[PDB]
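Modelling step: build the complete structure from the supplied sequences, incorporating the hints.
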Amino acid sequence: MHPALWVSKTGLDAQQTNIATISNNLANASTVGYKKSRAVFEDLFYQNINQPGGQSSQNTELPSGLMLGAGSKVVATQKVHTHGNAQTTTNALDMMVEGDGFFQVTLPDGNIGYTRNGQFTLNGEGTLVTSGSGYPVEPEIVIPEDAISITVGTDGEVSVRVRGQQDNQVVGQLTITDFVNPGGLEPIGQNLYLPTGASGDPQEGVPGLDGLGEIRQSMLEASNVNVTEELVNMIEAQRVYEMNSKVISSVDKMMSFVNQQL
Amino acid sequence: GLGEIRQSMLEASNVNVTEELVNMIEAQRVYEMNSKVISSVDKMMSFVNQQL
Amino acid sequence: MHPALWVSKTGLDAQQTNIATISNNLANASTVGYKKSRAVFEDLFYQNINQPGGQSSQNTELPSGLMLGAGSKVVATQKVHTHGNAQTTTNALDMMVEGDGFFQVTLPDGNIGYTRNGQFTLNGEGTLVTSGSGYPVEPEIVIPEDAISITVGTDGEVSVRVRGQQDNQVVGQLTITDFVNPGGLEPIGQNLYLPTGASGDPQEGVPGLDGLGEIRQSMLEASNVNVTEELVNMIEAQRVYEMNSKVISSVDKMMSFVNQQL
Amino acid sequence: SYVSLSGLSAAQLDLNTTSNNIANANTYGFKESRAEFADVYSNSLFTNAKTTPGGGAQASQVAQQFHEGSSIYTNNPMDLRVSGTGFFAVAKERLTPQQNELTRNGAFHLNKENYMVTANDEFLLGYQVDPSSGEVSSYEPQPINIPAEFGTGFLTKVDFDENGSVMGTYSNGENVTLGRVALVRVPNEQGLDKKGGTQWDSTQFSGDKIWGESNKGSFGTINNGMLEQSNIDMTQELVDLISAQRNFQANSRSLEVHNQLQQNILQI
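Residue numbers (the deposited numbering), protein chains in the order written: chain Aa, 1 to 262; chain V, 211 to 262; chain P, 1 to 262; chain M, 2 to 152, 320 to 436.
Calculated from the structure, these hints are not laboratory results. Heads up, a few of these hints could be off.
[What the hints assert, rightly or not] Computed cross-link-like contacts, EDC-like style, restricted to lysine to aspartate or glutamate with a CA-CA straight-line distance of at most 20 Å:
(1) Aa:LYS253 to V:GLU236
(2) P:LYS253 to V:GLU214
(3) P:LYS253 to V:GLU221
(4) M:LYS93 to P:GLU214
What follows is the structure, given as structure tokens:
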């Protein structure tokens, strides 16, 4: 009915998406290996009423044209893939990637999913799996029943010590995958990511060579959410939300006045 | 292409109360304005009957 | 007068039912053996103005049809029959079921009611009755006047101790009943339930065999209500309640406008 | 608003898990728990893929951290402890020892029939060895009995060596080996389902029970006169209380903001 009604509708939607993104960041303030997200704002197309640069008389062009905007929207939810802090734990099977890299697991459909969460465990067969849905870790790491301890090297070599045997036996070799643009990964939930077109090809290697990060045993990577920043951004987004409703309130009152008068 | 089953989780309604209420603002105003035309035509036909 | 008036009326009643259920949980926040209830919503029938999938022409059928809903309602109030926390008390006549099961009491009409509330006591005859209205427990457990200490076993074996006589003297045996669908039980007040058609046949047995819970003497079962959940849900239901009042308020204003113009 | 409630639910679960650890700061054999959370990202065919706000936080699993707990010294030969990996095998019924559960507390005593039982009158299981033989003859677990008279001679002292063998000396000066305590291990300890009284049972996620002797293979040793306290750290639990409250308050602020947005439109 009114141009300002639709423009402010896009303003309300944009701030709702921003607040929803911030609210999700606060929810995952204790999720291990979580990467915070920020909303990216941009203005929509501008209606061309008067063309800027139009030849308003010879040797005279419109310095500024009448161009009415169509509002704003959140164009992307950019993942901030910066490193989180390290939590020292006593568990021998929870690991951390110190630097660039992702743990790779086998999804039930057969594809390989990449995760930053290092909270791992074992199943009844001793295969190293995740502590959530129990996805096997690629490549499979089978801990023998004769092991008395587990040590995961910086280079990812998983070794165990057997009673009555020096020179601990190697039972596996971890490989981690890096991405040129980790922010382009598709979050599929359960602290897992899937490669996309904008993510780049998955490049695999030993964890500590070719720029890959190191594997830190008995250590967890905390989420990188800054609660101070999230709460301040929550207040600002609320203010922009309320001032857009004032335009709708003003437009609604104008239409009510016109109907009674005109 | 089928979705996954998530135990101990529920799917809330996808309605956006922000969109519905602003749509109510538009719907009420356009409804009133179309009533203005009928009232205007009603007065026009009354004027013609009395004059013509 | 208006389709929106009736649809929002059903919405108002659905939220009034939801808040009433929530308020009931808060009221019974300290009741022993009380199971919180949750309201289940579902939409009503849809008017079939245009058939979805109907033929708009040959080789072309209507993709989506014009189907108007009739509102919503709370179709069921489901009891969340999850176990509550255990309270340790110095009373020897209050017991708890650790696991599935229900105590059995004799109603004044002669039927048997099932109760998770274990706060029992004695009447003048020494029969083990509930600490409320005084309904005797099935089977009768009468404490002799020579008893100096009352012990109730894990397997429900009730026994007392007598001066100058070694070995506890057995006085009775408690039995508890389970149901396939305890959520189908009928709440009749006074912390009592009744079996229904959807509850299933009552299965009685020794408390500790065939999947039954165990009797914990000097221990009571708190209510499973979480005031955090109830208060948060009550705020949400209040907002939805005000949503349907805006529709009714707008509909009333439209009819007022038409009464003056048309 | 559900995203904020997801944060409140996740934070409250963190409080409840920590409060459970603090409550059991004195129970023998307790293994602390850690609340693990996971993200929610649900999309459909008709949902825009560029902007993907999360669905909240989901409870992944309440872990069962199985690190060794500190030992207390009671100088009591009937109080036992496993130094290493392994659990004691305990059966509620003497007649059927197959229906057994795994425990870590070693507070045992003798019943009126002289069976080594737990505080709950649940019978400890062990291997049957001949008085003259050495290692285990039959590996099937049986309740451990320490006879009052063997010949005759009356029981005087009971002690356990590092191999778990229970040895009872009598008045006639005859030392007879009455058996050795059975030790149980599983490939996955965190997969065990938790019963009452600091006891576990075997599941499919935990693999099968591995019956073996103490100080043999991957099993640990058995020490008498010691008990294992809870494996919790008070300072860590108290700090986790601090961080969990400031995450319930931050999420509750998000819930408050969302409500005030809906109130804002209701006044137009």
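Going through the hints against the structure:
1. Aa:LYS253 to V:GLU236: Given that 20 Å is the threshold and the Cα spacing comes to 12 Å, the pair holds.
2. P:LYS253 to V:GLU214: 46 Å, violated
3. P:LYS253 to V:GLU221: 35 Å, violated
4. M:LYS93 to P:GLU214: 13 Å, holds
Of the hints listed earlier, those the structure fails to meet are numbers 2, 3, in rising order.
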